[PDB]
Amino acid sequence: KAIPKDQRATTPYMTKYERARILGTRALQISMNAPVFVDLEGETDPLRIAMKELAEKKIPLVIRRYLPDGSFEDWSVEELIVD
Amino acid sequence: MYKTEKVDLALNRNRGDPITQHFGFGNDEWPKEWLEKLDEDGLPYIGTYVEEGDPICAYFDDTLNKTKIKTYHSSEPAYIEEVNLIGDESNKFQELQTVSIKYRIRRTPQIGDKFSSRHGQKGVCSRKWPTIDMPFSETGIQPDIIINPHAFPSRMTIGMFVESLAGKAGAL
Amino acid sequence: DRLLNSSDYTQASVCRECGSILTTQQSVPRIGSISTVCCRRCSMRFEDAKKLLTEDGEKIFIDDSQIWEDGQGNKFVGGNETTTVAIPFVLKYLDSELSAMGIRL
Amino acid sequence: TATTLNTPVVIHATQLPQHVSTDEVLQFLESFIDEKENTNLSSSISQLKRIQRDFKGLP
Amino acid sequence: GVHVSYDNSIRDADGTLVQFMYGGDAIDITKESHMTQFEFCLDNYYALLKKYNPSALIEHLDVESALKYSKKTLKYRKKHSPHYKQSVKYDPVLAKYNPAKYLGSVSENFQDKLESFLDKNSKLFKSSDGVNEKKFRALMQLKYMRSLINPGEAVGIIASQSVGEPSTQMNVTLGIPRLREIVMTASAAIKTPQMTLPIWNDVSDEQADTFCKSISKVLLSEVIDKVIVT
Amino acid sequence: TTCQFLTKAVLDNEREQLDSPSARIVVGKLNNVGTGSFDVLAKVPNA
Amino acid sequence: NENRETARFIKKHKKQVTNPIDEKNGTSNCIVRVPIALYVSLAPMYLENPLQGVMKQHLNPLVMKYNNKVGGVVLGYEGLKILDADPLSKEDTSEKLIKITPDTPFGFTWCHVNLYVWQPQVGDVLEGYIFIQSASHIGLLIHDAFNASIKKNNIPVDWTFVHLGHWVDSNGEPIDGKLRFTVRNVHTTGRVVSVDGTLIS
Amino acid sequence: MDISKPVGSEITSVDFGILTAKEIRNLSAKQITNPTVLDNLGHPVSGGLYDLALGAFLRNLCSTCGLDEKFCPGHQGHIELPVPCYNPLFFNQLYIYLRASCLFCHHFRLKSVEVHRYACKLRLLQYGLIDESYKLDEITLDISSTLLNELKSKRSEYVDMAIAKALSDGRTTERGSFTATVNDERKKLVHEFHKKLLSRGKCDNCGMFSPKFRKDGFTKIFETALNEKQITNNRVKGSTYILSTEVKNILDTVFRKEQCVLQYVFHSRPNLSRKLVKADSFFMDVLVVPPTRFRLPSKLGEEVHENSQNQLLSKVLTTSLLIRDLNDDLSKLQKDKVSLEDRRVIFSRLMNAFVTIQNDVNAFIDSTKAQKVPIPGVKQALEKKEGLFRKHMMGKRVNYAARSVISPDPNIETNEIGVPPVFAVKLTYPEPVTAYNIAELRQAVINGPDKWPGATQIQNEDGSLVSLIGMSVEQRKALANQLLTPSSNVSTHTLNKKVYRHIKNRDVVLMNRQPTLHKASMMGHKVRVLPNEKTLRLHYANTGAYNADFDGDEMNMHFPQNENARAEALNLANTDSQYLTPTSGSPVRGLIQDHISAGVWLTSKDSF
Amino acid sequence: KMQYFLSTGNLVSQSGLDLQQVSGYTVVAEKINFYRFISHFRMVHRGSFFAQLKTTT
RNA sequence: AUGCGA
Ligand SMILES: [Zn+2]
Ligand SMILES: [Zn+2]
Ligand SMILES: [Zn+2]
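As you go down the protein sequences, you meet chains A, B, C, D, E, F, G, H and I in turn. Numbering-wise, the entry's author numbering puts 102 at position 31 of the first sequence, and it's gapless, one number per residue. Numbering-wise, the entry's author numbering puts 908 at position 106 of the second sequence, and it's gapless, one number per residue. In case it helps, the entry's author numbering puts the third sequence at residues 1090 to 1143, 1146 to 1196. In case it helps, the entry's author numbering puts the fourth sequence at residues 12 to 49, 80 to 100. In case it helps, the entry's author numbering puts the fifth sequence at residues 1029 to 1109, 1112 to 1200, 1214 to 1273. Numbering-wise, the entry's author numbering puts 1637 at position 21 of the sixth sequence, and it's gapless, one number per residue. In case it helps, the entry's author numbering puts the seventh sequence at residues 8 to 170, 214 to 251. In case it helps, the entry's author numbering puts the eighth sequence at residues 1 to 141, 172 to 268, 312 to 444, 450 to 686. Numbering-wise, the entry's author numbering puts 502 at position 43 of the ninth sequence, and it's gapless, one number per residue.
Derived EDC-like pairs: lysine to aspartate or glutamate, alpha-carbon spacing no greater than 20 Å straight-line:
| id | chain 1 | residue 1 | chain 2 | residue 2 |
| --- | --- | --- | --- | --- |
| 1 | G | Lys72 | C | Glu1149 |
| 2 | H | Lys348 | C | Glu1106 |
| 3 | E | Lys1173 | E | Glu1060 |
| 4 | C | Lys1150 | G | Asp246 |
| 5 | H | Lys232 | H | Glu258 |
| 6 | B | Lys916 | H | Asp629 |
| 7 | A | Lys128 | G | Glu102 |
| 8 | E | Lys1126 | E | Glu1092 |
| 9 | G | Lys106 | A | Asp145 |
| 10 | D | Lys97 | G | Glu134 |
| 11 | B | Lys805 | I | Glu489 |
| 12 | C | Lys1140 | G | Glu12 |
| 13 | B | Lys868 | B | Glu838 |
| 14 | E | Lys1107 | E | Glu1145 |
| 15 | E | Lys1079 | E | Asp1056 |
| 16 | B | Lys808 | B | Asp841 |
| 17 | G | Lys72 | D | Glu46 |
| 18 | H | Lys182 | H | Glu132 |
| 19 | C | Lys1139 | G | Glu9 |
| 20 | H | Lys504 | H | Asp528 |
| 21 | H | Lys245 | H | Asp439 |
| 22 | B | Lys930 | H | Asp629 |
Keep in mind that the hints were calculated from the coordinates and are not lab data.
With the hints as constraints, model all of the structure from the sequences given.
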């Protein structure tokens, strides 16, 4: 199943669905005391905090894009063009 | 709005025998605050303010040796309007086990309540505009109801236009 | 979230050796023994248990009818809607079964 | 104390266990306990030290 | 079950491939509206250049491969601009490159419309502030890639609602019975079976009406005037 | 005709591969469409 | 046929090892090292101590505790290995990746570890320091860790009482300190575990 | 759902398959034999339908699990059916396969080598090798047994080649090959197969004359006589009712004699399980007993109405006990009683009683197979029309939901919804407490359940719930100074407290109208509690997407309980993501009536 | 029996009186509004059997 | 079920 990184063929961009899930899951983790790598800067909503983390790509998450075969491409936040 | 209740206790009847519930008390252990609504006969004072959860009557069943109550279940408070004692169609039943209690629930005009003219042009009241904020005529009045004009062009409720001009003439 | 997690979300017992959520039962505890999850299919009758051709020691668990079984200790818990369990309820009449697949086996 | 948040779903060995010698056992014990000193398990570690002491000769 | 695969192919939630592309472009309807309004985009060119500035992204993709296929295929296709055993020497650029990865892999219909606009505005290109069909065309290509449907879209459902919902506003069977007769039952016996016949340019209108009479069925009853049985 | 399809399934000894979104809801599974079309992992420090 | 399935019972319920008496004068090597694979949860709070997370969460509470699966009390762990969620990783990354559930911030991971477990069996010869002497048992403590008791019934009647009194050996002198016995049974159905010993076999 | 209670054993697929009476007997929590239900006007009948083995009751723990009704998941008993019933669901099946056999040889009419052709094709269709399945047709040659064995040899060789190819190419797997077209090719094949099975109007493999098979409809099959032309043809080859038992005993033997093909005949995919194909699959030697828990009487507040399962099942116990009594009659009977034809009537008890009980099991299966508005059976269960699957599975009631008459409001945002404070105090969020939200949640507790951005309840990390519904401001004050307490149990050290805060001005809520006609009718709005309201407040720009009008229209408000669903309500369902319809991309949302005419008046060049 | 029939509209007879339905013959007077109360006696029904038909003629 | 907001 491992798609070689040099061999990864998918969209360089984060989908709206990709973006949404990333921010939701990461926010929820922050809400479970995942270490914040950025200034809380007053915020109290973990979702807006995760929004800040997406703005800095500090998120340490990877998207596993599945193909109906089952092979997938694991992509970091720090590379898939957010917008 | 009036809501009527039938409190029947002859549904389980079956040979007087074990019939045992009488509106009132026996164990004393009941919260004496139930008197705050119910007379020592188990029926509320006609006029009483009641809110959901308050006891609607009080009775005593020997099997439980307890003063039990039928609770009031509603979304809003009411007042007890009538308490009616029914021994009727009965053979004896002198213990007055069936009572019909009528509640008076007030209905204030409120946002979302539907209103309609004599033209089937129904609409809810979106808000209760302060009188100062209403528009005032040079006659020194501000309307009771404001209806938007753009409602008429689809409905062709022109009977409403004439009703306005005739009711105004007929009042003047 | 709406049609499941915020409605009838239930963590239900399933037999890791049977793949069913209706053979599961709590094994009976004792003053020194707790209740343990057992799969009815995954247990041997203590009256039989290969006794004619045959123990580990700690695989006998007891039913509320105080009956000992050996095995049945291979069931786990999984999140589903409870109506799903209602399906086995009908299914056992229906004469079929779920082979509920899952993790390491 | 009943669920996953503390206990693994499943545990399986990938080889048949290996009969660590008394000396290998003792080296494991001392290295493990020593690494551990650097939480009620500490009391069991004290018991492990007693085992160590019993694996040392005398309680 | 019908959704967008990550490969831009339309597969069902089974995985069975339904279409190799959404409408063959992977374009979002909710994007298209100005994707074909070139002149408007131009009058507000600098603003969209400020939105989609490519210099951030020109490092992540190829700006030639699709453009090069566009050059050989657009040339040979303009050479072969009969449908049949036509020049196969070039599938569409969408066949050869993920249109999401090499800017320029776009429908030849869209490509054609863009170039034809750029040609019909060479005077606007002698009117433009300082944009060119390669920098402006490059920008519009970037709009096209950035207008593509995201992987995973529930496009089956989207289809179903876009056919159902407007069907509430609703010689041959029309309306809802017609839509049901096709989509819902696929009945092999239409209520109003028709066959349309193109008549040759040379076919006179009078000859054509003659043919219309000449083909229609004639029942024996249809000619009978009176029947007396004694 | 749920039961008729059931009959055809059992008689086949059928196995549901649990891909259908409807089926997936029935079994209380993250829908495979859209945001459930993919997986999310985390990069975690190894030291 | 019903004997294939009994082959399933015997071959599935077989036991791996018979830990022998060290030198046949010590105790059985019931302590063994076995490489295993466990499936544990990782909280977000251990995202900066993930191997230590696994320890504090699952591995730390398991030590000095009986495991039904291993058949004993976990004596310690060796060689933890997190199974990487991604191939072609040369097998080392200053940071790892793990699959997160599709529902919660919680992670689930594979771990590989060798366990040091005390895996005693019936027949093992053990020595203990006399803990107690009651008219139905003698309490002893193996290695200062494992409770052991030999009930009067499992002791030879040729043993002698001296009045909780004081048992006197079969030779005619009271027992003292350490005792060598054969293991009749180990009781682990209670809160912890009690090993049933015998002096008559 | 709670994030505080994860699971990591998700189900990955669902296998279907027949139960087995031996499986039921071994797993069965009890045999129920007693047609009694209650005793002493109030007690659970021993070994009856309301035995505690079927779950907990009256503080009696489930006698199979010892668990209370609020804890005991309940357990399913079983009935050892005195007589083997026909499966209604396979009654058409068992009938077909009954007519397809040979009755004097007990083989199937159709050519043994032709059968072998069927086994081959169906094996190729487990792996879905369709082109190869047709490529089998190419195998070609009074036909000797050595020659028919040569066709079986060549055909098995073809299986071996198609196998070696398919495993070499990885073009399938041990688990088979399954696709919509492959499924279709199987259903088609099974059709032609059934046509060949039906074609034999006398035996070919054995030449024997099978009887014509008749049926009553749902409880009896009879075995028709033959014609003296066919009977004497039987000489050269030298309607009566039959029991389910005889059918079972014969058809088992057929299943042994024709098992070799039937292994792939009875599976659409490779039978990894080496499952014997047993005739007992269409017959029921036993019946299970569902938990009473889901068989509980319809008691609504006080009224207890008998269960239709309890009633029909009681019919099974009565009829079965009568037949058990007939077996008592055989026992009373059968010493010898050489000439007592007095059993001829008891024999009416056997035939009539047996068909009757069997029929009654049928009726308990499907109401539409018995002989008035009868109690519904399981088939008129989750299926048919709305049912369970449609009315309680594919759509359900949900918590955290509201319904209200919608009211316009231009002063709110166009993407928000003005919620009247009854909802602001009656909708909660399961808030994990942190160092960053301690202030806000401590305050919400301070407010208590009866105040603004408040919180009704607090669930500790220990799992326990503490409701603030009736706690005094002082005690809630104490928890505010306790909201940040340390860990307490290594069992719980990883968790943090939760606060059920009221919905507030930073939460998103999913507003959905009535005409769910399209996804644009159910969007995410940013919650804005408006003071002194009682009605759901909505901006005009949205009403043409809901197709809504304040005429009296009602809307449902959903409050999602999960950060992934929140993130969706901030990113996917939001009004702005619905600027256009996907149907056409004509944007949809805009101002209306009064705002349009206002633009016309303001926008006059004459307006200064 | 006439209380039952009048309280249910469950018309049963050995001929069925030649009428297209066996329900609906009895109605709640709904004295909720003078308009509604008087309107009840000026209501006439074409019958339920034509209500079940899919056509509209 | 009927009626109902519609
Ligand atoms: Zn099992
Ligand atoms: Zn139970
Ligand atoms: Zn035959």
